[PDB]
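Here's the letter readout for the chains.
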Amino acid sequence: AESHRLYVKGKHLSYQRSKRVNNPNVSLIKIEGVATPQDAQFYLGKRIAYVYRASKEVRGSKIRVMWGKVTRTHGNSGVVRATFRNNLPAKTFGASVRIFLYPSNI
Amino acid sequence: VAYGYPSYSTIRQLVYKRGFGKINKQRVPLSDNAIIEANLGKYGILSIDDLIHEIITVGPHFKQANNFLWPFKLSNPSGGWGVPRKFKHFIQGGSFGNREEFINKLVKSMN
Amino acid sequence: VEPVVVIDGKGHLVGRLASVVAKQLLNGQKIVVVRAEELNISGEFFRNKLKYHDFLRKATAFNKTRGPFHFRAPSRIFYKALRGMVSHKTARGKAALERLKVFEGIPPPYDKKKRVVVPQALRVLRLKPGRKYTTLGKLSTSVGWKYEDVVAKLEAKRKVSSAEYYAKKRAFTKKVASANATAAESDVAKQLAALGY
Amino acid sequence: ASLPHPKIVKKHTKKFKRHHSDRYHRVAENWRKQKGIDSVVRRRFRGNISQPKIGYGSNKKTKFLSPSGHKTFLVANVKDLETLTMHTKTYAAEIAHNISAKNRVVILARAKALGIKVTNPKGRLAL
Amino acid sequence: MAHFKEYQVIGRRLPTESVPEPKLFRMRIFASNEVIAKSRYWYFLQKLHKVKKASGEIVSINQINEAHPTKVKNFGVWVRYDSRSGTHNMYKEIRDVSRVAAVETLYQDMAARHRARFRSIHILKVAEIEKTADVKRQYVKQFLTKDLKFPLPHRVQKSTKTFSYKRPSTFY
Amino acid sequence: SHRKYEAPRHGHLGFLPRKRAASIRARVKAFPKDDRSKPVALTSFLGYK
RNA sequence: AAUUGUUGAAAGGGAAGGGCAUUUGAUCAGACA
RNA sequence: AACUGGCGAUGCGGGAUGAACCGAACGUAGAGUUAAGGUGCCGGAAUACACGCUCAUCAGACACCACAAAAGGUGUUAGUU
RNA sequence: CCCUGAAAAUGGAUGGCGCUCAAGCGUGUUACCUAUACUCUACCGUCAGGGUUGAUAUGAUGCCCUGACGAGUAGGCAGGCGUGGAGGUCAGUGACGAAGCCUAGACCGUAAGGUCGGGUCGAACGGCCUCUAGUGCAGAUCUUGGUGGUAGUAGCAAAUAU
RNA sequence: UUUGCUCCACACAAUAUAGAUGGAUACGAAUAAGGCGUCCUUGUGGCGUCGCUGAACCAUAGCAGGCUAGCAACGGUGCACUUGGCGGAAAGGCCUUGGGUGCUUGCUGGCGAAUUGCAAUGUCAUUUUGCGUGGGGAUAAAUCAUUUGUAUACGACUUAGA
Ligand SMILES: [Mg+2]
Ligand SMILES: [Mg+2]
Ligand SMILES: [Mg+2]
Ligand SMILES: [Mg+2]
Ligand SMILES: [Mg+2]
Ligand SMILES: [Mg+2]
Ligand SMILES: [Mg+2]
Ligand SMILES: [Mg+2]
Ligand SMILES: [Mg+2]
Ligand SMILES: [Mg+2]
Ligand SMILES: [Mg+2]
Ligand SMILES: [Mg+2]
Ligand SMILES: [Mg+2]
Ligand SMILES: [Mg+2]
Ligand SMILES: [Mg+2]
Ligand SMILES: [Mg+2]
Ligand SMILES: [Mg+2]
Ligand SMILES: [Mg+2]
Ligand SMILES: [Mg+2]
Ligand SMILES: [Mg+2]
Ligand SMILES: [Mg+2]
Ligand SMILES: [Mg+2]
Ligand SMILES: [Mg+2]
Ligand SMILES: [Mg+2]
Ligand SMILES: [Mg+2]
Ligand SMILES: [Mg+2]
Ligand SMILES: [Mg+2]
Ligand SMILES: [Mg+2]
Ligand SMILES: [Mg+2]
Ligand SMILES: [Mg+2]
Ligand SMILES: [Mg+2]
Ligand SMILES: [Mg+2]
Ligand SMILES: [Mg+2]
Ligand SMILES: [Mg+2]
Ligand SMILES: [Mg+2]
Ligand SMILES: [Mg+2]
Ligand SMILES: [Mg+2]
Ligand SMILES: [Mg+2]
Ligand SMILES: [Mg+2]
Ligand SMILES: [Mg+2]
Ligand SMILES: [Mg+2]
Ligand SMILES: [Mg+2]
Ligand SMILES: [Mg+2]
Ligand SMILES: [Mg+2]
Ligand SMILES: [Mg+2]
Ligand SMILES: [Mg+2]
Ligand SMILES: [Mg+2]
Ligand SMILES: [Mg+2]
Ligand SMILES: [Mg+2]
Ligand SMILES: [Mg+2]
Ligand SMILES: [Mg+2]
Ligand SMILES: [Mg+2]
Ligand SMILES: [Mg+2]
Ligand SMILES: [Mg+2]
Ligand SMILES: [Mg+2]
Ligand SMILES: [Mg+2]
Ligand SMILES: [Mg+2]
Ligand SMILES: [Mg+2]
Ligand SMILES: [Mg+2]
Ligand SMILES: [Mg+2]
Ligand SMILES: [Mg+2]
Ligand SMILES: [Mg+2]
Ligand SMILES: [Mg+2]
Ligand SMILES: [Mg+2]
Ligand SMILES: [Mg+2]
Ligand SMILES: [Mg+2]
Ligand SMILES: [Mg+2]
Ligand SMILES: [Mg+2]
Ligand SMILES: [Mg+2]
Ligand SMILES: [Mg+2]
Ligand SMILES: [Mg+2]
Ligand SMILES: [Mg+2]
Ligand SMILES: [Mg+2]
Ligand SMILES: [Mg+2]
Ligand SMILES: [Mg+2]
Ligand SMILES: [Mg+2]
Ligand SMILES: [Mg+2]
Ligand SMILES: [Mg+2]
Ligand SMILES: [Mg+2]
Ligand SMILES: [Mg+2]
Ligand SMILES: [Mg+2]
Ligand SMILES: [Mg+2]
Ligand SMILES: [Mg+2]
Ligand SMILES: [Mg+2]
Ligand SMILES: [Mg+2]
Ligand SMILES: [Mg+2]
Ligand SMILES: [Mg+2]
Ligand SMILES: [Mg+2]
Ligand SMILES: [Mg+2]
Ligand SMILES: [Mg+2]
Ligand SMILES: [Mg+2]
Ligand SMILES: [Mg+2]
Ligand SMILES: [Mg+2]
Ligand SMILES: [Mg+2]
Ligand SMILES: [Mg+2]
Ligand SMILES: [Mg+2]
Ligand SMILES: [Mg+2]
Ligand SMILES: [Mg+2]
Ligand SMILES: [Mg+2]
Ligand SMILES: [Mg+2]
Ligand SMILES: [Mg+2]
Ligand SMILES: [Mg+2]
Ligand SMILES: [Mg+2]
Ligand SMILES: [Mg+2]
Ligand SMILES: [Mg+2]
Ligand SMILES: [Mg+2]
Ligand SMILES: [Mg+2]
Ligand SMILES: [Mg+2]
Ligand SMILES: [Mg+2]
Ligand SMILES: [Mg+2]
Ligand SMILES: [Mg+2]
Ligand SMILES: [Mg+2]
Ligand SMILES: [Mg+2]
Ligand SMILES: [Mg+2]
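Protein chains in written order, with PDB author numbering: chain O3, 2 to 107; chain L7, 134 to 244; chain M6, 3 to 199; chain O2, 2 to 128; chain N0, 1 to 172; chain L3, 2 to 50.
Worth flagging that the hints you see were computed from the coordinates, not collected in a lab.
Be aware that a few hints might be false.
[Unchecked claim] Per label pair, the in silico range of CB-to-CB distance:
#1 91 (chain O3) to 25 (chain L3): 27 to 37 Å
#2 155 (chain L7) to 24 (chain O3): 50 to 60 Å
#3 87 (chain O3) to 126 (chain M6): 42 to 52 Å
#4 94 (chain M6) to 34 (chain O3): 21 to 31 Å
#5 167 (chain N0) to 231 (chain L7): 24 to 34 Å
#6 91 (chain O3) to 63 (chain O2): 26 to 36 Å
#7 18 (chain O3) to 222 (chain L7): 34 to 44 Å
#8 24 (chain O3) to 156 (chain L7): 39 to 49 Å
#9 11 (chain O2) to 156 (chain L7): 33 to 43 Å
Don't be surprised by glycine CBs; every beta carbon is placed ideally from N, CA and C.
Just need the whole structure built from these sequences, with the hints factored in.
Here it is in structure tokens:
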């Protein structure tokens with residue numbers, strides 16, 4: 002209607018890191034309204050899209066997507082680890098992100 | 134070291150899952166009963182549970198039955214260690230020395 | 003959650019607000035802090051006066067300008083508690099900072115928007131009852147902050163227009179919950195009641 | 002059409018370039034190992050370039066295979082191009098660089114005839 | 001040192017040809033698991049008798065479960081500990097519901113008030129105080145006055161989201 | 002070491018920097034406090050030396 | 001070759017250059033069949 | 001001087017920083033589990049839980065380690081005769 | 001536990017911000033984060049243990065199974081890469097363009113290095129098995145030559161005057 | 001200097017983007033106390049009620065939301081117009097009058113949807129600039145040189161010149 006959102010909103014927080022070396026192969030994902038890591042085993046294996054724009058048209062759009070998947074729960078607060086076709090940019094740190102509802106299980 | 138008293142349950146689950154043999158070295162996975170038989174059949178022992186039996190009872194051939202088993206190769210414990218600092222005695226809230234009946238839970242997390 | 007989060011500083015402990023503001027900032031959440039002068043600091047006013055003076059003495063020797071800059075206004079003190087919790091010399095830090103605004107008083111837009119509170123930095127919830135603490139306005143004014151009277155003038159007039167605003171509001175919601183009572187016991191209402199509403 | 006092989010996995014596509022080859026002109030990028038006594042590089046301090054070592058060496062399966070699947074062999078004339086006659090699923094022929102234009106057309110041709118791939122099939126091509 | 005269980009322990013001076021059936025001594029150790037408990041048993045026996053683990057044996061180690069775990073009790077406690085300047089005995093009174101739940105807060109109190117860690121305390125005696133008014137210490141006697149009641153003012157609520165739109169109460 | 006003979010500094014730092022000024026008309030950085038009961042008139046004036 | 005002029009593209013808040021990784025721009029191989 | 005372990009000749013993780021400390025010693029990678037050390041924010045990780053203690057008009061805050069003493073206090077704390 | 005005792009020279013350091021029912025001190029309970037370590041797999045190389053001359057196709061220092069290991073200065077050894085000349089050979093490349101030089105184009109090698117396109121050029125040159133040494137450069141206040149920043153700067157003001 | 005500048009209108013084009021994708025939803029103050037309703041003697045007042053989280057409130061069905069019929073209401077909301085008024089802290093936005101108009105899922109209907117082939121953001125934001133079109137509106141100056149000396153190493157300053 003006014004709303005069409007079929008996914009949950011997310012944020013690209015950090016790469017996996019230690020204090021002093023990061024790992025672009027895993028990004029860490031904050032899912033809106035997901036609080037425990039009990040709460041976040043529901044989004045395990047869901048698919049994630051970071052959508053973005055560009056100025057060159059491509060396959061007939063100026064809109065692009067990087068695709069990924071939740072893979073495990075990260076620490077006590079419902080942050081989630083995830084990996085992507087290509088690694089998310091690092092400029093994207095604190096950019097939004099779509100966790101979808103599929104694969105499903107209800 | 135941390136050490137103590139294994140149960141049949143964790144001697145079972147060690148041999149079955151991570152037990153290999155020293156067969157001209159060659160660290161050989163067990164995986165079939167006729168691997169054992171060919172080398173410990175000498176002294177009885179013609180089955181994997183035959184191994185377990187001769188181990189868990191310290192029977193007449195425990196030296197060659199034991200040394201046949203290639204030193205086990207565990208992971209870091211799954212739960213973690215439960216101590217904060219490990220290199221104290223068990224009695225002093227660390228991880229080493231004889232913790233006895235509990236050497237199991239530890240092992241069944243490292244397996 | 004929201005495009006911009008407006009925070010009523012009044013009642014909030016400096017570092018514990020700075021800490022949560024820093025994190026909302028870095029996770030992409032634009033934030034605006036208001037009434038910074040009504041912000042709180044643990045310890046009585048003297049300890050925090052003394053503290054600001056200790057700050058105040060550090061300056062580059064050969065040229066006092068290139069050295070540390072000391073800012074007097076309750077908001078710049080607040081931004082300072084914040085900036086040091088942000089990797090502010092990086093590309094990403096300048097990013098996150100631009101999402102943040104700090105003000106004395108509640109200036110336009112934000113006086114008509116709703117402003118929100120942070121329980122985990124709320125002094126009345128955080129501090130132990132009986133400790134002594136500091137109001138950032140008094141502390142600022144004692145080290146050079148000029149505009150403490152003007153602000154409370156401008157605010158004492160704000161809080162008037164807003165009481166009126168609230169007044170009309172409370173008067174209207176009396177009608178609405180009035181009409182809401184004629185509609186009760188009807189067929190609709192009792193059904194919703196079943197579905198939790 | 003090339004004989005079938007596992008996924009070619011390269012392992013380290015980046016060129017190992019000599020230390021400070023990038024810092025003084027005098028110093029070619031041509032790899033040399035740092036023999037000095039302080040050299041972070043030789044010491045493997047965290048954040049310096051990495052050096053060539055034998056873990057990097059490629060899977061014996063796919064080793065020497067160009068993208069296609071064909072170990073390229075160098076060719077100076079038809080006789081040489083002919084040594085590949087019973088091998089085309091396995092051994093492309095790269096025309097030698099000094100082979101004239103009138104002589105690559107003999108070689109290109111004969112390649113097609115016999116079913117052999119030619120890697121650089123365009124040099125001195127009268128277009 | 002952890003969450004505590006009470007253990008009776010029983011040992012005896014390894015038998016000899018000319019002294020079979022040596023004499024058997026019991027302690028009640030306050031420890032977390034049975035491996036520590038026996039350690040302590042030998043720690044203390046070698047403080048009274050000519051034994052060590054090397055030459056004796058534990059006869060029985062048995063857990064002791066509190067007799068009435070929903071009967072609030074007033075516990076007197078007797079302690080010896082080492083300070084940074086010497087060693088000294090004490091007596092405290094703990095109000096709780098099982099000998100073991102008290103030994104827990106004892107070691108906490110000893111730690112907070114007297115900076116004494118486990119290694120420096122000896123639990124001389126723990127005892128259920130039968131009649132009231134044998135309750136000597138005040139911080140306990142407060143809780144034994146008739147028809148006692150008391151508010152819990154300035155109540156403070158664990159906020160579950162970062163932002164709030166109210167402005168809290170501390171009401172109660 | 003340590004001076005030798007203490008002696009006062011040359012010049013007054015509260016007149017720094019010794020640059021040429023913005024314009025020839027130095028500015029009134031301040032006006033009298035206001036007595037809003039008097040009549041109203043100007044509180045400064047201009048001329049040429 | 002160092003070094004230089006022009007032209008073209010690009011970056012530059014107290015050096016420059018490098019590692020891992022990815023965005024974007026440019027350029028390219030192979031592989032379909 | 002003695003014994004061992006090290007550094008030198010050695011990178012990796014912790015100790016902000018650091019030849020020698022803690023952990024752990026290195027072929028190229030993937031998944032997992034951890035060590036020492038940490039988890040307000042910088043900074044990955046509980047503004048977690050529970051009992052106490054401390055309010056400093058120069059509080060205090062983690063080994064090696066980057067110092068403080070005798071002597072005092074009717075601050076408050078719990079104990080002793 | 002806190003206070004007093006407790007005095008130094010640029011301005012400044014529990015690492016920083018900051019923190020006071022702590023984000024402080026003692027102690028307890030869990031959860032959680034992440035090393036080149038541990039476990040499993042893949043690939044490389046090393047070492048070892050075995051198997052396999054039976055012709056009628058291609059490697060016997062070869063082929064095939066299997067296990068374990070991999071830090072490194074001085075230093076040893078090994079197996080390779082590149083140059084000038086020399087014996088053999090591919091009846092090798094070339095004025096329908098050899099060598100050389102250029103090239104944020106291409107491919108092979110872990111690497112020394114190797115191969116190709118295109119441009120520029122003009123007379124020679126290479127693979128493979130052997131032979132040989134005036135055989136590999138970043139450094140030696142190295143040798144000879146060339147070139148920068150410096151910098152359109154220092155300066156071009158004695159001797160009277162045009 | 002080749003018909004330029006500017007405000008409103010639409011069109012094509014380019015170029016962006018620290019990161020829309022139902023709604024940032026307005027008292028103030030206290031916290032060992034308050035919000036709301038109600039009553040009065042209008043108080044530091046009587047009485048009632050609530051909290052214990054926004055887990056809320058509002059919105060939300062319709063080709064991404066198409067084409068149409070009607071009923072019950074006289075309510076709601078979008079738009080462009082107009083009435084009166086408020087807001088200077090950064091007001092640049094808020095409240096109000098009155099018609100016109102679109103929609104209304106408040107209720108009852110007629111019609112459409114496939115083949116995008118079992119997922120591939122499946123494109124619906126808002127930045128800034130550029131080029132022509134015609135609906136309003138507007139017709140400067142600063143610099144060089146010359147010049148004063150309240151100025152000055154040079155730039156700069158300060159004057160003066162139809
Ligand atoms: Mg980051
Ligand atoms: Mg991580
Ligand atoms: Mg990737
Ligand atoms: Mg960034
Ligand atoms: Mg960020
Ligand atoms: Mg885990
Ligand atoms: Mg678990
Ligand atoms: Mg653990
Ligand atoms: Mg620790
Ligand atoms: Mg396991
Ligand atoms: Mg953002
Ligand atoms: Mg400075
Ligand atoms: Mg800062
Ligand atoms: Mg940012
Ligand atoms: Mg509180
Ligand atoms: Mg390579
Ligand atoms: Mg060298
Ligand atoms: Mg050295
Ligand atoms: Mg070095
Ligand atoms: Mg030819
Ligand atoms: Mg060429
Ligand atoms: Mg050619
Ligand atoms: Mg003990
Ligand atoms: Mg003893
Ligand atoms: Mg003792
Ligand atoms: Mg909590
Ligand atoms: Mg002097
Ligand atoms: Mg003198
Ligand atoms: Mg002034
Ligand atoms: Mg003024
Ligand atoms: Mg600068
Ligand atoms: Mg085909
Ligand atoms: Mg040592
Ligand atoms: Mg040594
Ligand atoms: Mg030496
Ligand atoms: Mg060594
Ligand atoms: Mg070492
Ligand atoms: Mg380190
Ligand atoms: Mg450490
Ligand atoms: Mg240790
Ligand atoms: Mg920081
Ligand atoms: Mg974090
Ligand atoms: Mg001080
Ligand atoms: Mg003092
Ligand atoms: Mg001092
Ligand atoms: Mg302090
Ligand atoms: Mg110590
Ligand atoms: Mg330190
Ligand atoms: Mg003395
Ligand atoms: Mg003392
Ligand atoms: Mg005292
Ligand atoms: Mg005493
Ligand atoms: Mg204390
Ligand atoms: Mg200094
Ligand atoms: Mg200190
Ligand atoms: Mg810290
Ligand atoms: Mg702290
Ligand atoms: Mg603690
Ligand atoms: Mg648990
Ligand atoms: Mg937890
Ligand atoms: Mg490591
Ligand atoms: Mg590895
Ligand atoms: Mg052989
Ligand atoms: Mg080696
Ligand atoms: Mg080699
Ligand atoms: Mg050679
Ligand atoms: Mg040669
Ligand atoms: Mg030559
Ligand atoms: Mg040449
Ligand atoms: Mg060129
Ligand atoms: Mg090139
Ligand atoms: Mg180049
Ligand atoms: Mg190349
Ligand atoms: Mg090739
Ligand atoms: Mg090629
Ligand atoms: Mg050519
Ligand atoms: Mg040529
Ligand atoms: Mg000639
Ligand atoms: Mg030859
Ligand atoms: Mg030779
Ligand atoms: Mg020579
Ligand atoms: Mg060299
Ligand atoms: Mg060289
Ligand atoms: Mg040189
Ligand atoms: Mg040279
Ligand atoms: Mg050298
Ligand atoms: Mg030289
Ligand atoms: Mg010279
Ligand atoms: Mg020069
Ligand atoms: Mg000149
Ligand atoms: Mg000159
Ligand atoms: Mg001169
Ligand atoms: Mg004269
Ligand atoms: Mg941007
Ligand atoms: Mg308001
Ligand atoms: Mg009111
Ligand atoms: Mg009330
Ligand atoms: Mg009322
Ligand atoms: Mg009345
Ligand atoms: Mg009233
Ligand atoms: Mg009342
Ligand atoms: Mg509400
Ligand atoms: Mg509609
Ligand atoms: Mg319908
Ligand atoms: Mg009608
Ligand atoms: Mg109508
Ligand atoms: Mg204004
Ligand atoms: Mg504003
Ligand atoms: Mg305005
Ligand atoms: Mg209408
Ligand atoms: Mg609708
Ligand atoms: Mg669309
Ligand atoms: Mg026009
Ligand atoms: Mg005129």
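Against the structure, the hints:
{"no.": "1", "hint": "91 (chain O3) to 25 (chain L3): 27 to 37 Å", "in the structure": "violated, 55 Å"}
{"no.": "2", "hint": "155 (chain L7) to 24 (chain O3): 50 to 60 Å", "in the structure": "violated, 39 Å"}
{"no.": "3", "hint": "87 (chain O3) to 126 (chain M6): 42 to 52 Å", "in the structure": "holds, 49 Å"}
{"no.": "4", "hint": "94 (chain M6) to 34 (chain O3): 21 to 31 Å", "in the structure": "holds, 25 Å"}
{"no.": "5", "hint": "167 (chain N0) to 231 (chain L7): 24 to 34 Å", "in the structure": "violated, 59 Å"}
{"no.": "6", "hint": "91 (chain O3) to 63 (chain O2): 26 to 36 Å", "in the structure": "holds, 32 Å"}
{"no.": "7", "hint": "18 (chain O3) to 222 (chain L7): 34 to 44 Å", "in the structure": "holds, 35 Å"}
{"no.": "8", "hint": "24 (chain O3) to 156 (chain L7): 39 to 49 Å", "in the structure": "holds, 41 Å"}
{"no.": "9", "hint": "11 (chain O2) to 156 (chain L7): 33 to 43 Å", "in the structure": "holds, 38 Å"}
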